[PDB]
Amino acid sequence: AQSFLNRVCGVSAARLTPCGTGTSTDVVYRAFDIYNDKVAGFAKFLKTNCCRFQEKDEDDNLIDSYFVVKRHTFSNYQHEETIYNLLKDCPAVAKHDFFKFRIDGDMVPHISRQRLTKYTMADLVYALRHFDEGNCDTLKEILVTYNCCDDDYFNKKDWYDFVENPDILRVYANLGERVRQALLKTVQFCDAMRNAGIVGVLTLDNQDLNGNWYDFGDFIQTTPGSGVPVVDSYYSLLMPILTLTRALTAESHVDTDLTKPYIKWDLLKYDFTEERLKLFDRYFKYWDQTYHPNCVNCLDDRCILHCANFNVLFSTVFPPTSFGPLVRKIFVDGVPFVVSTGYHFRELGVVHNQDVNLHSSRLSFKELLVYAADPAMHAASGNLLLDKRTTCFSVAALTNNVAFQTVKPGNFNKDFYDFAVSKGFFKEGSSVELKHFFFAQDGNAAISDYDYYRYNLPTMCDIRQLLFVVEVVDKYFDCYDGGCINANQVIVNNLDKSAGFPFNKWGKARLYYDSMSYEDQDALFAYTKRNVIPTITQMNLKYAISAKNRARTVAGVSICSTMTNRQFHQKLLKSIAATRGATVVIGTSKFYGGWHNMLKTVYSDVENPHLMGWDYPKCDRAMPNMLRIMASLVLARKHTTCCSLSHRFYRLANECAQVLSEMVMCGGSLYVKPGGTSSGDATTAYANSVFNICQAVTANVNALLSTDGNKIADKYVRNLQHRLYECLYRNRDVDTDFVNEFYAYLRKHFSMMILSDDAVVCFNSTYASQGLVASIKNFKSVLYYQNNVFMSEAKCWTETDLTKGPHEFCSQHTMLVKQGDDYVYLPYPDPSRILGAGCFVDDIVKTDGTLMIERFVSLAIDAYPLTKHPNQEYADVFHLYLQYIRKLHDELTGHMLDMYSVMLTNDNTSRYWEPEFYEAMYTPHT
Amino acid sequence: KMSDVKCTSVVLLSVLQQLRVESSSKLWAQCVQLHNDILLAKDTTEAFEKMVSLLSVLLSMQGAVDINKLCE
Amino acid sequence: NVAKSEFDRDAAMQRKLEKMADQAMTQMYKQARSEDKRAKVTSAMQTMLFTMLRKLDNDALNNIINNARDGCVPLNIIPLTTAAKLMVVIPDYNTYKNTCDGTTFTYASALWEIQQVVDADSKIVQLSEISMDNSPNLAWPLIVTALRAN
Amino acid sequence: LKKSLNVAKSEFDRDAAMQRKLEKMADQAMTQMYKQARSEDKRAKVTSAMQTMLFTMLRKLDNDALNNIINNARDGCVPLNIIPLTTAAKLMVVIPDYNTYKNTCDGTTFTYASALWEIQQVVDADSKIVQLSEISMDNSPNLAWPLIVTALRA
RNA sequence: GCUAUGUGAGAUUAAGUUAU
RNA sequence: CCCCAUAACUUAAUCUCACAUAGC
Ligand SMILES: C[C@@]1(F)[C@H](O)[C@@H](COP(=O)(O)OP(=O)(O)OP(=O)(O)O)O[C@H]1n1cnc2c(=O)[nH]c(N)nc21
Ligand SMILES: [Mg+2]
Ligand SMILES: [Mg+2]
Ligand SMILES: [Mg+2]
Ligand SMILES: [Zn+2]
Ligand SMILES: [Zn+2]
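Protein chains in written order, with the UniProt record's numbering: chain A, 4396 to 5321; chain B, 3861 to 3932; chain C, 3985 to 4134; chain D, 3980 to 4133.
Because the hints were derived from the structure by calculation, they are not lab data. Nothing false has been slipped in among the hints.
When the alpha-carbon atoms are kept at most 27 Å apart in a straight line, the in silico BS3-like pairs for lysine-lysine are as follows:
1. A:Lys-4822 / B:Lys-3902
2. C:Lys-4000 / D:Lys-4003
3. A:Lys-5241 / A:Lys-4818
4. C:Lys-4069 / A:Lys-4783
5. A:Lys-4783 / C:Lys-4107
6. B:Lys-3929 / A:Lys-4803
7. A:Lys-4900 / C:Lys-4039
8. A:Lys-4943 / B:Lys-3861
9. A:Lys-4830 / A:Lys-5282
10. A:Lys-4943 / B:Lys-3886
Modelling step: build the complete structure from the supplied sequences, incorporating the hints.
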């Protein structure tokens, strides 16, 4: 009817075009943040009331202005009228119009909301948090409107990859001011509610993409001045979007206006605590949990995470030159040094060293080692550097020249290649071809590989979700014993590796382990628990075979860091490597039936098993700066007796300073690492494992919450979803009962082999089909908004049949073979990798095969399971290696008869070209 | 044949590195880009072209004598 | 028959103490070597620390630490404010056109009078050879060394 | 009845085992000395060995472009820059005598590396751009014969 | 009991080497 | 200049345990 349209637009002079048909309602499929006694989650539902009416401009062009006329019961209508009349004067409330219109004989009460956008903040956060490259129409439309793109940006191939086309960081950032205005408007709304006495729960789906608020159905009226808005779910689900769109970029300008110039900020100023408090009180005014700008004042690890995400959000406003070690001019023997006297973290705030000696007369070995590892004397006594080759912050150039390091090509073993060719290998059309080589690099290699930390962005996490993910991960990390150990009990393998910078200039780590007595090491470790010691880490180019042209660099962390980290973390990290049958499979050998043991361990009791895996693209350089902190906190939870709160916090601060916010020395100059783990700290593998358990438990959590609870048939998992939403966004303390629960649920329906950065998942098929456990799409969506990377489908694999093992775990393929009278799983590698290792070696001594029958026994040990592969070319490499070993031995004997007269008392060399020696290493008897 | 090209390119780059081509950064970058491209090639016709381009870096400059290396 | 002590204690037990006596001698020699290594590394780190304090330029660093309220300043501003030499690495001629100039440019306030330009080969680069026409004929991780002009 | 061939079973194993350790130590020393001689010989003759290996694989390739470039470089035409592959970019190649000229450049074409290159600037030893004239059978006293031909790819 | 010798099983300890 | 961690092989010693034999 036309009269209904005329009644919808009353006093306001608006030209409306129906968005449906007639006076009937309009069905939309939008995301909702719902919490009832029947359903509770953040999923997409069908809303079937609401007669939408799009407004067209004077020139008959449709704009983003809709008049949603909700139809509901009379009681809700008259209650919402009263609440709106109480909240009429707020500038963040959508213009409501209440009228009754006769539809078919019954005057249905109508609640008309004027000039609100098509989508809400719930839709935006769902699109950016449940991203699917196929079904991304809502995100595409949101980008087309509120002009960010031109509807042609989506014609690009990888327009969302965050690695390919890194310009997706903008196009998103253009929504930052919209989100910031929404935050200001919700703060205004909360102020109005508190000053008017209405108590209610704020939800994202009740705020459009302009900041206006509506739906006052679930609002109760109390005494004026005593309103209690609930902003847990709203802010918590909004947190990950506050950093993708960079909402707090307007706060870097003079009057917080995007047109005005930037604020200058004193170069010397480093505190930034009052500014952080002002930002919190402006944007998160009604977040009832206490926020500490400096994490040193936190209670136990929970304000650490909670206030750390706020700090990482707020630190994007402050200049990047104020984050780093805080130096102070101390006087030793009357000579003024410049040494660190604290640290200013982007997450931990300002941390000050507790033991300071302004006036010193003599420096011991511990003090000399601490001062020599500090970057203060190196950066201060160095020329200023402006390195335009990278976007990372450049501090200083220690030396007056820039060092360019090139990678030498590998050496060619022509004898082995000729032997292989003589044995019918490397033929046109053969399934086994050389694909692993020693790729060489030019001078601009180390710096080019270092300039991949640009993929690491300041990521703000969902604390109301992360604070439960951490509990589930801690449950996964139970049955382990850890704590602090003395220098007597520290086990170090291969003492003389590097000793780190600047300690490379005087010797290896053996020198610093022998020069420092046990009491000296204990004193240094105790000093770490009360002070912050920043260290310099050197980047070194790897020299190893690979199938990709990408260069690889390894971070050589200073010995001053490794010595303390070992004493901190070798009580753990060794029970993890000595525990068999757990989720983490670090330390479990693949020989003597180990592969079969782990595979049957994770097959467990899943009802409808499939297999699933991933590779975490751009790891070690896209890891969020918060998830590494969470990892270090999880590994530090085995310290409730040995360490106090202050000691644990200072150890965490030391680890962040010398691992996370470390000063990377690439070439001959010092840079600043934006974040991410270090490849060579003390816990890279275990930190990666705990980070992998996270974002998988998170994937399960937000795949179980994003399911329509009304469509779930089972009454147990539905109640589990309800209680999970309760424990996430409505409960403050840890519910240990429901942490043991849902962990039993994961172990029953989601079994994992969590090795460092590598995982194999045996999950229930029918639960993933109904969206009750994590899947490939859910894991990809999780990585999109909590890793700043897009995980390609080609990097993932799945298996619908368990008679064939994982498609690829630890670069080893799995096949089911008959060993004796029982079927076992044997890991066989890529034959191209073994052939390339046999052909391309690192040095020229290794080209002489006679000098090394060894390393060929070792390559044949790993290549034995290929002999049972159905492919003949795959099976022939083992025989090739055995024949080459025999040839090497016989030509060594010939050389000994030519050079010498005496042969060799051998007869223990024949086992090395017989299949029995290598077969015995896969039979489970040793 | 790729097995005979992707290996002789490695040998050529090793020889060039041995006779101090890394001193000239431009030449080293060009001859390392060619070597990496040969190692990732998929058609022998376009791999022999890059093999030719990787050669004539040793032959252009009279560092290594050539007449005696071909006595066979 | 009763001469066991003549070869089981006069030739074996009298040799048993020699074994751990000798390993104790080796242990004390290795401990002396470790102490010497400790002394030499101590004297090396002390010399390093006492050597790179003379380069601190203790006339513009004392002027910025004293200006601090608590006495602490970020480390990342010490080179920006006190260093008398600037090294700029230029990957392409466009960067040189934008982020550099002729004999004088300006980075982090200041005024940096260029003293020399050098290439990846680290031999030399003349200031008149850096042009769009001559750019391809140059190795282009160019290092520009400039001095603060005051 | 014992202690005649019986006592010489534990004392006979004494000197025999001692000889066994002596032989074992001698063999270990011999193999260590061998593993050194060979390793140091390898690392001494690296350049010549790598060059010979390279030029053996080059003939085992049995190509045409490589077999033309190397044949020219034996006793004549060698390039001055990296051979370009795109249809653009120039290639300068010395021509050290008349025969190398006539084997390669015949007239506006250049052969070389299994392609045919069109010549652009036949500059002499010093710099005199020689027009295609005295480079004929008539006594060519074209300066020092290195007639660097600059040539573009067709 | 007493040394003497070999034996195998480890375990321990470094060194070399591969794989992840 | 050349990282952390795990597994495996190979060599070489050691502390023995245990077994066996011989002499006393
Ligand atoms: C680089 C890492 F820190 C990553 O945390 C993780 C896997 O990272 P990775 O390299 O497999 O993945 P990558 O980022 O390349 O992924 P793509 O680019 O292919 O997408 O183990 C580490 N790691 C890998 N090799 C080494 C090594 O030798 N030494 C040490 N100490 N650590 C290593
Ligand atoms: Mg609503
Ligand atoms: Mg409602
Ligand atoms: Mg990876
Ligand atoms: Zn706190
Ligand atoms: Zn502790």
